[PDB]
Amino acid sequence: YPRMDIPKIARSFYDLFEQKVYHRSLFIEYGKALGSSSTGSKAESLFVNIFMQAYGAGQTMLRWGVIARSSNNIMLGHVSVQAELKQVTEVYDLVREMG
Amino acid sequence: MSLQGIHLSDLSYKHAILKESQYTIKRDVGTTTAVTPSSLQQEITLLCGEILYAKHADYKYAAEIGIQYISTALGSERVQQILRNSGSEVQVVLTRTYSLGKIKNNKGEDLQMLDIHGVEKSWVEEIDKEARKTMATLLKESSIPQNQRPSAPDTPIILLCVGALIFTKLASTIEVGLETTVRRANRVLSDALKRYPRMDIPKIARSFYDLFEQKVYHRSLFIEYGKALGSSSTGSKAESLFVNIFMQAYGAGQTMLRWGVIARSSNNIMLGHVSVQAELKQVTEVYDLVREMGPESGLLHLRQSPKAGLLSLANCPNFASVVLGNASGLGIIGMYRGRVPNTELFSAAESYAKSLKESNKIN
Amino acid sequence: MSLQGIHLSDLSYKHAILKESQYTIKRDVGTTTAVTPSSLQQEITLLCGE
Amino acid sequence: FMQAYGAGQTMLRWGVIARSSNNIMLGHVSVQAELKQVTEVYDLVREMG
Amino acid sequence: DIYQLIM
RNA sequence: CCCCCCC
RNA sequence: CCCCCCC
RNA sequence: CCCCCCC
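Top line first, the protein sequences correspond to chains A, B, C, D and E.
Heads up: the first sequence at position 19 corresponds to 216 in PDB author numbering, and the numbers run straight through without jumps.
Those letters in the second sequence? Residues 1 to 143, 146 to 365, by PDB author numbering.
Heads up: the third sequence at position 6 corresponds to 6 in PDB author numbering, and the numbers run straight through without jumps.
Heads up: the fourth sequence at position 21 corresponds to 268 in PDB author numbering, and the numbers run straight through without jumps.
Heads up: the fifth sequence at position 2 corresponds to 11 in PDB author numbering, and the numbers run straight through without jumps.
By construction, these hints were calculated from the structure, which means they are not laboratory data.
All C-beta atoms, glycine included, are put in the ideal place defined by N, C-alpha and C.
Just to be clear, a hint being listed does not mean it is correct.
When the alpha-carbon atoms are kept at most 16 Å apart in a straight line, the in silico EDC-like pairs for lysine to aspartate or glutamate are as follows [unchecked claim]: (1) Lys14(C) - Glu294(D); (2) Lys19(C) - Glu298(B); (3) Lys26(B) - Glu241(A); (4) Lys102(B) - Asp10(E).
Here are the in silico distance ranges between beta carbons for each label pair [claimed, not checked]: (5) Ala207(A) - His7(C): 41 to 47 Å; (6) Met249(D) - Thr31(C): 29 to 35 Å; (7) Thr257(D) - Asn85(B): 39 to 45 Å; (8) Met249(D) - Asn317(B): 51 to 57 Å; (9) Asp28(C) - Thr32(B): 27 to 33 Å; (10) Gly49(C) - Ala265(D): 44 to 50 Å; (11) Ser277(D) - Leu94(B): 55 to 61 Å; (12) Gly255(D) - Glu43(C): 35 to 41 Å; (13) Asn365(B) - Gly255(D): 28 to 34 Å; (14) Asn270(D) - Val278(A): 54 to 60 Å; (15) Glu43(C) - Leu282(D): 34 to 40 Å; (16) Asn270(D) - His7(B): 30 to 36 Å.
Take the sequences, apply the hints, and build the full model.
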């Protein structure tokens, strides 16, 4: 389809997601129901791939903190950082609690 | 004070999100497909042999005939259950025998031809007539054992063996799939090729690839046939061959996981690289996800399940590069088209792997 | 940090796939074979000697 | 009939013999790189019974 | 005699 | 996005 | 207040 | 594809 206008369709989708917040929940349930199916098309696998890429949205700082720990950054040993790591562990524990 | 509470486990959470759903997707609500009851098994097997021993102008529906034999082997209602459990609302249409007309058979009754939904009667009639004409020409030229006749019980399994060869390459491209199918079926199906020297492998394989692309639920039906064949107590040599190719299709779409296991078993020292060490946690999480999914994880990409992609190691460029380097060093990589993120790690791992393979050691 | 989680177990998975099937294959639906009742055992043994 | 038992699987028996023969070439790095799948095949035999 | 073959 | 070799 | 990159 | 010896 060489004449599908991506910018306006994307704008329409952003407008829908802003006006109708419950449609975000409907979209998430569609992704969940598509990821649980036994078979599917290449388009549906693509949709579930993008949907899973949307997962940790709004929480990139937690992922970058995990990366920084995995990067063995020595400046994590700074006394200013050590004075605050307890609440960071509490935030990660909250993530584990929510699931 | 310690960086122990910094842990995320995102892949487990994504799998838990996907699997734990209380709503099922409904697709193909208005579509229909054809099955054949077990009573017609003979009448399909014979037709399954007619595609083999004659040159046919068109091979559009050979794969459909193979799937029809699968339906006869499992049963029509069992096939309805298979298709329904695959997530499809496709409605079975039942195969029916119809009298051709004034034509008379050798037994004295009307010549009954098969009626399969979605397969026009012209194609079936043309296949039947062409196979009969080829048999008549062969009898006129020379005067035919049992294993060189279309009525042989193993001809449907030979057709389905070509289908299983094309199945093994369902995560590859159509041209590579056809080429591998022809190359491997010249050897794998060599005895059948001697029995039936004019079965056209490329067009049958193309038909099977087309069927697997248009009708995704037929992938599930094929997998269930393989599962039911592997659980039988006895079988023929053709059926053992089919289950062998089917098991060769198993881990399709996930060769990077296997090559990572190989690289670990190869004791590649470049796995100790700090870039690789920084990412091994997520690699272990992917392997743990495989363990969680269990035996059905291997069939994810074959079934073309949307859940496939959680098993991807594409967010571990250092690990992927080192694994591809180890694969290239041992010569295993072949013509694998997987992209190499880091060329330095790839080259270093390749050099170490060539050093280890060329040299010999005793432990 | 350690290469302990890199493990596949494909052969166990293939066996689990094959054995755990709820559908049975049906073959030789229209064929027949012959058996002999135990009462004819003598009458087969003699022929078995012939 | 019992002599017919392990038919088609003489490689497994010869592998058991080779282990019992204490062949030092089993310690070769090429052989060590593959022994995990060999153990998996023998475990499969134990599973089938 | 095409349709009378043994098959 | 994913996938991509050989048997 | 929060969020904000790339795939 | 697998299998392939001897008793």
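**OP:** Find the hints from earlier in the document that the structure breaks and name them by number, from lowest to highest.
**Re:** 15 and 16
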